[PDB]
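Undergrad: Using the hints, position chain B with the ligands against chain A.
Protein chains: 2
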Amino acid sequence: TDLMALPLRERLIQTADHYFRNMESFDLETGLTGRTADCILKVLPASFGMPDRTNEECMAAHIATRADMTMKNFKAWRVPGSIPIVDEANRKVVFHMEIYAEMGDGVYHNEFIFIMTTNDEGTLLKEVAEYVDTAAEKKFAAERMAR
Amino acid sequence: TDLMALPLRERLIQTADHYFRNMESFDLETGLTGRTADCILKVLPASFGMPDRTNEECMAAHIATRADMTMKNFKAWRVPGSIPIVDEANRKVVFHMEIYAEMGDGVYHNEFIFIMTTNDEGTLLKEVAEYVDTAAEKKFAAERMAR
Ligand SMILES: Cc1oc(=O)c2c(c1C)O[C@]1(C)[C@H](O)[C@@H]3O[C@](O)(CC[C@H](C)[C@H]1C2)C(C)(C)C3=O
Ligand SMILES: Cc1oc(=O)c2c(c1C)O[C@]1(C)[C@H](O)[C@@H]3O[C@](O)(CC[C@H](C)[C@H]1C2)C(C)(C)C3=O
Ligand SMILES: [Cl-]
Ligand SMILES: [Cl-]
Ligand SMILES: [Cl-]
Ligand SMILES: [Cl-]
Numbered sequence: 016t017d018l019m020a021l022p023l024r025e026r027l028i029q030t031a032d033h034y035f036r037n038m039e040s041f042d043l044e045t046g047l048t049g050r051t052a053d054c055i056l057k058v059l060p061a062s063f064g065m066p067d068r069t070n071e072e073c074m075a076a077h078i079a080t081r082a083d084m085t086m087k088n089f090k091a092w093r094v095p096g097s098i099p100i101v102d103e104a105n106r107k108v109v110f111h112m113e114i115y116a117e118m119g120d121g122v123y124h125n126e127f128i129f130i131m132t133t134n135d136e137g138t139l140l141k142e143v144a145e146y147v148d149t150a151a152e153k154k155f156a157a158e159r160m161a162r
Numbered sequence: 016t017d018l019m020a021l022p023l024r025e026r027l028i029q030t031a032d033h034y035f036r037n038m039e040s041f042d043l044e045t046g047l048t049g050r051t052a053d054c055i056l057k058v059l060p061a062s063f064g065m066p067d068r069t070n071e072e073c074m075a076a077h078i079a080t081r082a083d084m085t086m087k088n089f090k091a092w093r094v095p096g097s098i099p100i101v102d103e104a105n106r107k108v109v110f111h112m113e114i115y116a117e118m119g120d121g122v123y124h125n126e127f128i129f130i131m132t133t134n135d136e137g138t139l140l141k142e143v144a145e146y147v148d149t150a151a152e153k154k155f156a157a158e159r160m161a162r
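Line by line, the protein sequences give chains A and B.
For the first sequence, position 114 (counting from the first letter as 1) is numbered 129 according to the authors' numbering, and the numbering increases by one without interruption.
For the second sequence, position 95 (counting from the first letter as 1) is numbered 110 according to the authors' numbering, and the numbering increases by one without interruption.
Worth flagging that the hints you see were computed from the coordinates, not collected in a lab.
Take every hint as true, because none was put in to throw you off.
What the simulated footprint calls covered on chain A by chain B, stretch by stretch (three residues with Cβ under 8 angstroms from a Cβ of chain B suffice, anywhere in the stretch; the number is not a length):
no., stretch
1, 51–62
2, 95–103
3, 106–115
4, 140–151
Here a beta-carbon is modelled for each residue, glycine too, at the ideal position from N, C-alpha and C.
Next comes chain A alone, as it looks inside the complex:
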């Protein structure tokens, strides 16, 4: 494909970044793209108590969160100064990210580490691990419940 004609470093970055572009242009029609069938989302740290999720579990969560909290105009950007960290050998890419969205209750805007793992070919995501701001996310969860 056109992905395979790119150098591996570049391919890994494009594949990993796609996760964010997908979130920004998300619709029910197309859903979550550029993931392997068996891809797993892991939410770090363990203390946060979010189990690993399949693509289908992720899609269900995101539809509901967006409805419940009237969220839209998602935008993701790298923390100023940060860079993509790419381990070609291990098919991994590490980003230091901000995610922003408008919602009924104001704005969602949190900071994250994401660790993406691709398939051997560097063309799809097989794992995404995101380390979240536990204090911030526990507050969002409490705003969402009964709200």
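TA: Frame of chain A; chain B with the ligands shown alone:
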């Protein structure tokens, strides 16, 4: 050096891992080793409100934290399953870590991401960035306040 004869990947992992070995064997006479003079520790996420610190600032903080909470027997290990993520071109290593210590009040045991950046030679750390468990670390700070 012996370090310079090692392939760069291995050099980077050794220089990044040294940070945790230094933490385990920490003492007043030897201090913090394996860092550039101008090395900075960054604590993420920004919401946690901890400023960047110099080697001197880190050393003083650790002395204090160990005294105040009577902490000892530190151990660091990679989260089971995780691996070191090495970006040779950018001189970076990413670890998914647990840190454990005995203290008066029981046990400190938290989960992190560390992003280590070396000098161009890969022999010294010039930046350490650690993404912490904000709920957990808030508690620990609250417990450290008069107790
Ligand atoms: C495709 C997509 O659509 C969405 O609508 C949202 C998505 C994604 C990836 O991710 C975030 C931004 C968030 O990164 C992720 O989800 C959370 O449940 C929090 C809810 C937020 C609002 C959620 C929204 C987690 C704490 C585990 C977390 O970090
Ligand atoms: C050499 C060394 O000696 C020490 O005594 C400790 C050290 C190190 C590296 O690191 C930790 C384990 C911790 O990773 C770090 O410092 C904290 O302020 C909390 C206190 C803990 C106990 C602290 C103790 C932070 C919230 C920013 C944090 O993550
Ligand atoms: Cl997802
Ligand atoms: Cl070092
Ligand atoms: Cl330190
Ligand atoms: Cl770093």
